[PDB]
Structures are given as C-alpha cells and as structure tokens.
Amino acid sequence: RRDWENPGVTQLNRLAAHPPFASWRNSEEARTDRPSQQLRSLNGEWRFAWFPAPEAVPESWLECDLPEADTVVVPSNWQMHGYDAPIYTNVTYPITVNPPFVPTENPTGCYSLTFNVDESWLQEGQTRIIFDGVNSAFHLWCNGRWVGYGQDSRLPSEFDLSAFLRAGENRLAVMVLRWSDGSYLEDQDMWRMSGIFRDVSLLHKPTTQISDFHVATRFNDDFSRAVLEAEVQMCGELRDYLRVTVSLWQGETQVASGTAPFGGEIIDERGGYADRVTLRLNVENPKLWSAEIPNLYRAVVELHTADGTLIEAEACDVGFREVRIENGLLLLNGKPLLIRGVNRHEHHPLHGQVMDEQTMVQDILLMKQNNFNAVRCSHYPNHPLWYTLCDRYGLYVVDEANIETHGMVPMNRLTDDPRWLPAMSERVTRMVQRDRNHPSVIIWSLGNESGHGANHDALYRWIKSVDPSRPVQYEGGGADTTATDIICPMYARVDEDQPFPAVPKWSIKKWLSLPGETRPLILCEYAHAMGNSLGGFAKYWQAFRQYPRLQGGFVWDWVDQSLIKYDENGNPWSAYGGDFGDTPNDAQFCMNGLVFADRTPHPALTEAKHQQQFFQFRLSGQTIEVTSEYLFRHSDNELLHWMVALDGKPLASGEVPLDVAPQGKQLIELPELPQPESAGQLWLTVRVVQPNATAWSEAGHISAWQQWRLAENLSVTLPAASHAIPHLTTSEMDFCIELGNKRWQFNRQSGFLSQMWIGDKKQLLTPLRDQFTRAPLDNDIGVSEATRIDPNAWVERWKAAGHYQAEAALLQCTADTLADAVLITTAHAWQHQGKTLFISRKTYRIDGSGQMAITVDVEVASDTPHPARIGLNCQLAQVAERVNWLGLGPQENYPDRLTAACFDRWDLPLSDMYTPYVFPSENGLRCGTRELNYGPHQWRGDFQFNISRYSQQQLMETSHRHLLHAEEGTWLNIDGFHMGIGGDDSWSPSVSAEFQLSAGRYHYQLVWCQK
Amino acid sequence: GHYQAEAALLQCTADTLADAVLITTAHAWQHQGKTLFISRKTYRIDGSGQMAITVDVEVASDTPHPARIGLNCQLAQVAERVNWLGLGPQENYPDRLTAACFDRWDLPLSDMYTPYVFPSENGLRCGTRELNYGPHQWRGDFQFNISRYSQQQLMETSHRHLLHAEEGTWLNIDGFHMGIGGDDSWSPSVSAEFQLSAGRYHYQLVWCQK
Ligand SMILES: CC(C)S[C@@H]1O[C@H](CO)[C@H](O)[C@H](O)[C@H]1O
Ligand SMILES: CC(C)S[C@@H]1O[C@H](CO)[C@H](O)[C@H](O)[C@H]1O
Ligand SMILES: [Mg+2]
Ligand SMILES: [Mg+2]
Ligand SMILES: [Mg+2]
Ligand code: NA
Ligand code: NA
Ligand code: NA
Ligand code: NA
Ligand code: NA
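Protein chains in written order, with full-length UniProt numbering: chain A, 14 to 1024; chain B, 815 to 1024.
Hints should not be assumed to be uniformly reliable.
Taking CB as the label site, the calculated pair distances span [to be verified]:
hint, chain 1, residue 1, chain 2, residue 2, range
1, A, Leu342, B, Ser1011, 31 to 37 Å
2, B, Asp920, A, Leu680, 55 to 61 Å
3, B, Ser1011, A, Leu652, 30 to 36 Å
4, B, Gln818, A, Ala692, 45 to 51 Å
Facing chain B, a subset of chain A residues (Cβ under 8 Å, in silico) [as the list claims (entries may be wrong)]:
hint, residue
5, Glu690
6, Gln719
7, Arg722
8, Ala724
9, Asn726
10, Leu727
11, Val729
12, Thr827
13, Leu831
14, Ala832
15, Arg953
16, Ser1011
Keep in mind the hints are simulated off the structure, nothing from the lab.
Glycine residues also receive a C-beta, built at the ideal position from the N, C-alpha and C atoms.
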C-alpha cells in the first residue's frame, strides 16, 4: 500500500484527538494535578535499529529483538545519536519535489520495547498507547500484530491496545519513516530530523469514559460577572444513573459547581446528543487571566453516578479571559494588547528537537525577564508541557498548525488543491481539539508559508465555526487575505514600502489605512535577528506605540538552531548547515536567534528588552513622568532608582516607589541637583527595579531604564603649558618625533604612523591606517553565495567597487616644527582601476605634554557605494586584561542599535569586548565613546570602537568562531563613523538611509596619549 | 542670551610653516557665567594667496539649538553681480531646498535679497561649493546670504520700506543653518532633523581671489 506516499491516508486505526487526559480515579488527585496511576510513561531505554529503507527491514523484527539493534534513550531524534545526518535547508525541500512520492532510500528507524502491564488493565477498561511526536510517519505493531499508522510529526497519535495486550511481557514494534507524503506539508525552515522525539505513554480509561470536554468562558460588559460553560462528551454505554459534575476551584476553595445527567439540548429534527451534556457555572467577580497576572482556576470534570460513585475524572487549568477584535483592535478582557512577542522553535543543541521541562522553563524565564509577553509556535503545535507553562507563567500564545509548503511553485500549489484538503484539515482540526482549553492560546494560525489556497479559506471558517473565542490568523498569500482576522505580514518595514508583485509588503503604517482596510496589524515575524542584527528595532516600537492598530509582533526568532559537534580533541563547537555533510544546505541561516543555542544572550537581546519596556518616561525640568503600559496590573513590585553623574562620576542618587495604575501616570519630582564644580556633561539615569522575586525573576530584577542629558558645562580652561618641546628628526625614510622617553615614527613612504615607543618598548605591531571596510555581517551578505552572487547585497557592492581591494596611495607627507609642537601633515588616495574611492587628509600634532592630536578629514566619491565605516585601525603590541571607556555600554552597540546602551564609565575584561557570533563578522563595537583606556594608552574624542585579538581580516576569512585564533597583540578599530547593521530582514539591503554613510565628506578628531 | 552673547578670547597664536603662516584661535561665548558656544579655528595662508579657514564649534547640549553656525563680516565691496556654484537660483533653506537646482548661478545683488514685508533672515542659498563677489571667492560646502542689510537692521526694522542699504556688503557664510519650519506659525515647527543639535560642528572655507 505504501501509505507514506498517499496524502489520502494520514492514519489507520488512530483514535480521535482530545484535550490532555490522565484518567484519575480520585477527585482530589485530579484537583491537585498530581500523578495518575492510569497514565504511565514509556520513556526510557528502547531498542533501535536503523535501515536505509522500509524494504530493508527484516520480518523477524516484528516477533523478536534484532541482535544488531542498540539500546537508546527515547524520546530522541536518531540523527542526534549519529545513525544518519541532520539536514538544514530553508525553502528548498530536502527531497525531490514530486508529490506524493518520496525517495526510494527512506531512512527507517525501527524502535521496539518489551514491557509489562498491570493485571487489572487486562481484565477491564481500555488501554491506549500515545506517541506525542513521531517524525514523520510510522506503523505500529504490538506482539507481532499490526495496530495502526499515523502522520503529522507534531501532534499525538493514539491507538487502542486493549485487544493486543497479554499477561506477562508485551512487545511494541514501531517503524518510523523519515520521509512521507506528510513531508510536503512540513517544509519549515529548520533542521530536518526524524524519530520518536516526544513522550510515549499508556493511558488506561474505563469503558464508560469521558471522551472529550470543552471549556468556555463568557462575560458581562465590565467583566465583573462570568459564566463558565463546559461541554462534556462520553463513550461507552449510556445509563440513566450516569452524571457529570464540573467543579471550579480557586486553590482549595470550591467556587462553583454543576451536575447533570447526559442528554444535550435538541439541536435538529432528529434530536440532540444523548452522549453529551453541558454544564454552566456562574462566577461572580472572576479573577481574570492575562500575561500580566496569570490567574488560574482548576476545573475538575467528574463522570459519576447519581448516588455518588466516581467512575472517572479529568481536569484542566482555566483562565478567565475574553479575546476579541472590535473596531479594528485585538482586545484581551476589553483592553487593546501590545504584543511583545518572539517566534520560538523547539531546538536544543545537544538533543535536537526533543524538548524537556528544564529547557522550556529556562526559555520562559528569559523571555519574561526580557519583557516579552507573547510567543508564536513557529511553525507547528508544541510539546504539551509548553502550553501548561505558558498558562501558569503567563505568555500569550499563537498556536500554529503543522503546515508549511514553502518549497512549492507557486507556494500555494498544494494548499489550493482539494486533493490535499484532507491532510491539511487534520493538521488544523486535531490541533484545535488538543489545545482549545488552554487560556494561554489566544490566536490560531493556519500554518506558515504555504501561499494562499482555497483550503486555507475552508479551514479558516472551520475554526471560526467550532471556536469563536479566538481570532484566526495566517500570513500566506499577502498577509491580508480572506483567511486571516489579523494583518500579519512578515518583515514588513515601518516606513518603507516593498511593492512586490501580488504579495507586496507595505509599510506597516500605510497598510493599516489602505482603502477599506480595518483590521489590526501584528507582524508574525519581524526584526530578523541573524548574527549582529536588530538594527532599527527601535523604529518598530515607536510606531507600535503611536498607532493604536499597530499592536506589535513576533521577533524572528528566539534561539539559534546551531548543533554541537566535537573536534579531534573532543572539544565541542557550534555547527550549522552543511557541517554534517548535508547538501544542498543553507548554511548559517538556521541561526537567527536573540540567544545562542545554549541560551546565552546575543547583544541584541538587551535592545529588545529596552524597547519592550512596560514603563515609559519623560523628563521636564526636575519632573520625571512615568507612564505604565500595563493593561491590568498596578506597579505593585516596582521601585524607581535615579542617578546623576558627571562623566561617569556619580554626584547624586535616590529611589522612589512606583505607584502607577495600569495605563496610569506618576510624577516624580527630583530634589535640587547641586551644580557640579568640574566641567563636563551631567547625565541622568533612571531604572525600575523589582524588590521582590516573582515566579519568573529574582529580587532586584531590572525591568526598565532610560537616560537624559542634563546640564553641560563646556570646558574653557586652557591646559597647563609644558616646558619641554618635541624634537623632529628627519631621514629619507622617516619622520621621528621625540619627547622625553617617548618616540613617534612616521614612514615617509607609506605616510602612516608606523611605530611609537615608550622607553625602548615598541607599541605597535601594525601601522595606524585608515579603514573603510568591515568583516561583513550576515545582513551585509544576505543570500549572496560564491556560486550565486547577489550584486545588490552590501558586501557584493563593496567588493565590486573595490573597497576591500583599494590600496592607499600617498599624496602628501610633510613635517613642521611649531612653537610648542611638531605637526605632521598627510594625504592619501584609495583607488581601484583608476577610480578614486576615498581621500584622507590628516594632521598629527604632538605637543610638549606628550599628547598627539589627530585630525581626519575624508572625502568619499558620491558614486561609490557608501562605506561600512570611516576610521583608523592598528595592531597594538599591548595585551591588557581590562578595557575601560566613557561611552555607551556595557554591551556591544551599533548606530541603529544603541538605544539600550547607557552612557557611563564601563570597565570589562578584554574577552567581553568580543561577541562570539557563531558565524564571525564585525562585532563588539561600542558607540558614543569620549574616552577609551587600554594598558598605558588613552584615546579621547567622540568615536565608535571595537577591540579584540582578532583582525577584521581573520573574522572575514573564518566561517566558524571555533576556528578563530588570537593574533599577537590587540587589534584596535576606532571609527569616526560606522554604518548601521540593519536587520528588517537578512536577504536584502535593510540599513535605513539615515544610518548609511552618505555625507560625502567626514570629519573627526582623536587625541592619543599615555596615562 | 544668544543675542547678547559676548565673545571671549581664549587663545590666539601664530606659527610659520615651511610654505605658510598658521593662525590659531579659540573663543568662548558666554551669558551670565554660562558658556553657550566655543569656536576653535585655524587660518592657513599660503604662497598662492589663499586663506584656508577651519572651524570647529562646540554647542552646550543644554542651550537651545542655535539658528546657525557660521561667520559674517561687512565687506567694503559693493558689486553688481553674485555668482555661485550651488543650489539656486532662488532663496532656499535646509528644509525648503528641493525646488532649487545645483548649477552655476549669476544674479544681480538685489535678487539675493528677498523683500519680505516684515524683515527677517532671508536670501540664503544652500549646498554652495563656490561663491564669487567682486574680487572675492569663497570655496567649500556652505550656505550663504549676501546683501546690503545686516542681521541687526533686519531684526530691528518692522517694515521693508524702512530698510536702508548699509555701507558695503554684509556676508553671512554658514557651515550650518537651522530649518525655517512652517507647519504653522504659532508654535515651534522646525522638525528635529533640521535643528542644529549635533553638539559639535565642523566646516572649512577657502578665501582667495577670483
Ligand atoms: C530565503 C528568504 C528569502 S525566506 C525567509 O527565510 C528566513 C530564514 O531565517 C525565515 O525562514 C523567514 O521566515 C523566511 O520568510
Ligand atoms: C513585576 C510583575 C510584572 S510580575 C507579576 O506580578 C503580578 C501581580 O501584579 C502577579 O503576581 C504575576 O503572577 C507576576 O508574574
Ligand atoms: Mg500518507
Ligand atoms: Mg519557510
Ligand atoms: Mg534613550
Ligand atoms: Na499600537
Ligand atoms: Na532561518
Ligand atoms: Na511598587
Ligand atoms: Na566570516
Ligand atoms: Na524684523
């Protein structure tokens, strides 16, 4: 039959989907959500054997363990065990596009387990086996007999084993196929793996059982009253003494209850459902659920008898909240939401796509700690525990169907084909049946990147009909089709339109007001955080706050999908596409996260946290105005700390408790600030601290901050005149200046400062030269490949123009002896094929105080692509432990990504000045710096800089961070100006005009001295 | 105190280079003990008779952004024509220069003055690389206006018919000029991108003979 090559067969003998069941036989255990003896986990050590195709599987395997098989842990992805290689491809399918066929060589994983079952389970009741996740299709055997078949790698497949089990030992035989017709609907941009990657368990329910139950909550106008309606369905023989009781609990307090016999209301001419009943409980002044305050109740569903005998009990956490779109706004409990979300794949560097509680909790804590309040399940239903945690910790969830056909041409070839409607319907309907009772889920998504087809419209309506409590969204086909209640574009820019044919990405502000449009707009994906990115993130949030209908979005994405590999020495390293022999592949495009695979934060995370703050501030005179963006909670665990400092030097500070109602405002009058003596700029820094710990944060957690420049007193005091005078020495090859034990040498042939001496020790390993390029960021590269060059990408434009090839040509180099100093004047021209790209004119003034003032004026040809930077660089012989600077920090920050950084005195170890992006590139820059200190060196001015043991050349020539090696001394890159990093997307130029170095003429000055 | 600011000399030195004389100066503008602006310049005069002027200005971040950052002087010369290579031919400002075109323009001096009934700063031309007037030529990248009326007379006269040509020609050469605004005329309307808020400014000019 080859059921894995037929979209018409997505399962055989599979049981109906339903909400989380545990079949408790004790009401109190159900109420407390404690373990159930009727729900057994089969996770642990199983027997596994890999085969190149289903036809290679020996028939004996059904009856007994294969002596060649290994004992492995389940759940797991067999690629993580090394049986075959994981494949990383973005859009292009990992297999030949020829629906519904798959490769004849179909990696097959044969799992098996010998287990025993409780005696009583064999004599009464129903015993089913549940596979929460099998990638991507499989056949099931029990004690040699065929049981069933199942598809869809992201939802549980259940089968009844009652007629197969026997006393003593039993044996399961699971043949998992890597490829199947289901693969055509699972083309998500992630590693392609396979196996039994989610829990496996046995559930024992009575013959007369609760087969399904739905919880709904409706409210009155001001949410002071609510009605909980619970529909309960049963299977088995109906008896007049049967009853169903639904009790609602708030802690150990029962707040409401309803009991009734089966027999629903009349629905049509043939009657009603005799096997169903709906209980309605009134709840006065319910505690409402939200991400701000995840108030939850406990609903216990008891199937019992009229005289008081319990047959079975199920239960779920209940969150009282209303989600609806009114007048173009998405409202949660009547208030317009502002989605601070992120897309999150289920990925672990060591375990692949197998999820665990520890990792899930870690992500949620980090997310809330960084001001995120929502998550999108990109791009499939998640491990069941995830929804539980979101319900309890408080995160708005977008539950998404496991449907992506990105690789088709056109993208909707399958989704507009009725032949594929059945397969698609199961991926949507079974998701709803499983998660419809989770309050954290507030929006349903029909899938991802599958164009727009009629099947989408059909399924959009199906959801609208069965569950009107949640809006339905889908981005495919233009982001505003008839299959979505929310305009949910991906990477639509703030002000810039991208008029693509048929599926344009309009500026988000413009999109909202297109003729006839009235829907809210929430980006399903934006700010592609690939490598050194998130430039321009602040632009989105400013728009979100100004426009009511722009209600946020989900950053792409949470964590780098890098995998761990080990070198010959057994040392681990982060690997990406192609590092497993997998080909074709899409290399580093699997790493687009705000945090590294091991959950270590990328510098971009702090920018997201800052822009996503829940408190806004304004300063006027001595008054600070705090505005709350919370919709439901009061600032009941917030303290405001304020600090005033003169160029890093703290002068005054204090703290005030925040007492702001949601959407409210609080005025804080700062005490009189005593005018500082010294000259300089006074800076005000405010930060909101949470004194008490929470379920997701430690005491002292900082949730928001902001800075303002206060009074500034320009220095008019002239420096103390020195007695000594620098002495100029000349030769045919160099200009040397001497002052005390210091010496500066300028090469007359190159026109650069080639050496400096402090006593007899050389200070430079490489001359101080202008630099106009940078080791290309992923955003600079885009999708440009050696075999497939994208002439439009910034890196290709710089290459074609000769920016990396340009050679400095000396035009002038002279020395003059002034009254109290020596003046070196130079001028260089950088050309490529007879074209002058840049011209640099400088003057170096070395005075009797030992300070060298460097003045730089650069000309950039208006027709050459704007340069990545305009500065100087050199390799210092010095290798110090610390880096101290007065400027923006402490973390890496760039022109279009520096709002989170604060101006102050920062001091960190040299290693912290380097950001370990898996794919090496320009990194570690810090902007708005007025003073830099390293070893005996001090540089002053107003510049940007990065300092490390890796040169731009090495970073630019190394594909993985583990292959980098510290060079001799330290490489210093001091820029007068630096280009934005961009990031609206990473496959097209995304650096906004205001951050491009297009002025044509640039000026900057530096003062180099010994401290 | 921008209109009252007094220039205080901080430094004035002279050096003799191999092929030129270098003059260095520094001034502080203050009002009631507050330093509003600091101007540091160098004047380099070579054998070609050209005077290269470099200007680097500091503006206190807490003082309201200044209307302009430039130089001015009253020339003894009164010429009939004004010739420049920059945006024109009509008056244009930073936030109102899209209509102007870059080219070689030559107009009678009177056309370099816009007769607004209520006198004010007027006649500026932006993005100018070369300006010619009489025996003078200024080169660089600046904005400028030139007329027989000082900024002082313009702001002290309520009607254009009461203006009187002063001796010589007043020249205002700006490295930078603030936008004029206009979204309305009863509240500040100059957009942020056209306000001089950089804190530190640099511009250079070359004064020589045409
Ligand atoms: C190849 C791009 C033009 S499509 C682009 O690739 C990205 C890779 O991180 C993400 O998967 C986006 O969702 C997808 O639209
Ligand atoms: C600092 C808050 C956002 S944590 C927030 O406070 C709420 C009370 O206002 C509830 O205690 C929530 O459970 C808690 O997560
Ligand atoms: Mg099939
Ligand atoms: Mg895709
Ligand atoms: Mg700020
Ligand atoms: Na909004
Ligand atoms: Na990706
Ligand atoms: Na508080
Ligand atoms: Na690289
Ligand atoms: Na006037």
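Structure versus earlier hints - violations, ascending order
Hints 4, 5, 6, 15, 16 are the ones this structure does not satisfy, whereas the remaining hints hold.
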